[PDB]
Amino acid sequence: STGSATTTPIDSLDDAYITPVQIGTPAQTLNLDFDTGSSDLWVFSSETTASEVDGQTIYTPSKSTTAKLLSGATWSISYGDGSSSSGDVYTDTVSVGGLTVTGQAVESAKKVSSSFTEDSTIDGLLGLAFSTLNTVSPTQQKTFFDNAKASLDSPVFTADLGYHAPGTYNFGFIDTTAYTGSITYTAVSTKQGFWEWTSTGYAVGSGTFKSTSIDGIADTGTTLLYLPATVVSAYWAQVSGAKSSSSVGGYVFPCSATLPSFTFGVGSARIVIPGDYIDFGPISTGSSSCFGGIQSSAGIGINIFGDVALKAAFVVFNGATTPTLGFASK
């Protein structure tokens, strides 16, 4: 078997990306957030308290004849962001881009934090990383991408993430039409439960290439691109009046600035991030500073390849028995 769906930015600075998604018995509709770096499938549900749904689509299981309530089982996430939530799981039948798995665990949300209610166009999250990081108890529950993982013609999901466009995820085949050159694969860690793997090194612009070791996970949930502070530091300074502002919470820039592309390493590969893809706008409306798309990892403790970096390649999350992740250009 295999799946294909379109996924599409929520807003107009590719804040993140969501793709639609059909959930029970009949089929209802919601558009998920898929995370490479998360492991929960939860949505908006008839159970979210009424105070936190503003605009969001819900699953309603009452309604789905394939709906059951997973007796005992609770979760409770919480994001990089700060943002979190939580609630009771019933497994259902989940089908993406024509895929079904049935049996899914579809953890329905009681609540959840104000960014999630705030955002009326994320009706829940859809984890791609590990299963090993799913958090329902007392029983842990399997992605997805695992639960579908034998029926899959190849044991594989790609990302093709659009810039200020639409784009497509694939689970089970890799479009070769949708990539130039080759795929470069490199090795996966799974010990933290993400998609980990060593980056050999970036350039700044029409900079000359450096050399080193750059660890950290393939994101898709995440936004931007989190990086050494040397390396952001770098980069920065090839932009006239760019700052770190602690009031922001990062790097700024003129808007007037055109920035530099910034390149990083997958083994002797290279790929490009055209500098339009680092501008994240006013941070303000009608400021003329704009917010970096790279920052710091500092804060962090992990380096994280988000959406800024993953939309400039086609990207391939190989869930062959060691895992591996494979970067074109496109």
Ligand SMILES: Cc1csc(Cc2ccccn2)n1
The other form holds:
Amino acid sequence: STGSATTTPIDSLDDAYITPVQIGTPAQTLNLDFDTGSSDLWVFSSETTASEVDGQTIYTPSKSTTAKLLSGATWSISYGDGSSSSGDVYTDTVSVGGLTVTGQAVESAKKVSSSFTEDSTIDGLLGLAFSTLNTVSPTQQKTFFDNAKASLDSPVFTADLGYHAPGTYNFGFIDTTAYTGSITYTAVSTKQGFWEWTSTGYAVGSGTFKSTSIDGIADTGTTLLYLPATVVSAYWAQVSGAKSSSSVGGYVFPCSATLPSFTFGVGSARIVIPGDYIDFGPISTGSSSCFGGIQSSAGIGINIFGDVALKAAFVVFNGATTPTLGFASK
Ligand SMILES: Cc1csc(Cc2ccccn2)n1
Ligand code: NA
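Output block for the form solved in complex with the ligand, input the form solved without the ligand:
Below is the entire complex, every chain and molecule, led by the chain shown above.
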């Protein structure tokens, strides 16, 4: 089997991407944030505290003939950005782009933090990291990918995120029309439950490539590119008037600037992030100070190749017995 679904940026900045997901019988279609940095499929629901819902579409398990309470199971998650949610668990049929899993754990939110409430466009998350990070207690649950894997034509999914445009998540096949050149594969460590890999270095604009190992994760659920302070300082030094602002919480730059590109290494291959991808617009409405898309990881404890980086590539998440990542230009 395969599946193919379109993913759409929620706003004009590409802060996140939503993908329609069918849950239950008859189908209830919710727009979920596919997150390769977490491992829970959770949804706003008929159980969510009424005051923490503002415009989301909810899952109502009592209207699904295939929904079953997973008795005793609870979940609770905190993300790197400080947000959180928690609740109880159903199993139900879940389909993505024509690929169907029966008995998927669908984590029903009773509570969500303010950042979720205030994002009317995201109806929940679909985690695509390794199932060792799943938060369900007392019986940890599998991701949608892990449950689908045995059925797929090839134990893979791919992320093809758009810049200010829709893109695609495919499951079970690699669309050889969706990228240019060849795919370079690189080793993955699953020791922290992430798609963790080591970039071979970077360049800023038309500068020389610096060969240096940068361990980090491929995370579709993180907006920005978080890298070591040395790398980030080298990038923003090439933008007149850029500075790190403690008040704003990162590097800002004059909205009048033209940003340089940023290149990252994947083995001997190179992925180029155009400068425009690194513009996240005014820090507040009408400001002439713009927020940068490359930020320091120094206060995180891990480097994160988030959407800024991933949308410059066609990315293969290879879930074979020994997982690997692949990157191609596009
Ligand atoms: C700055 C940003 C990135 S994604 C997003 C939307 C969001 C964040 C947290 C919870 C729910 N929705 N805002
Ligand atoms: Na922000």
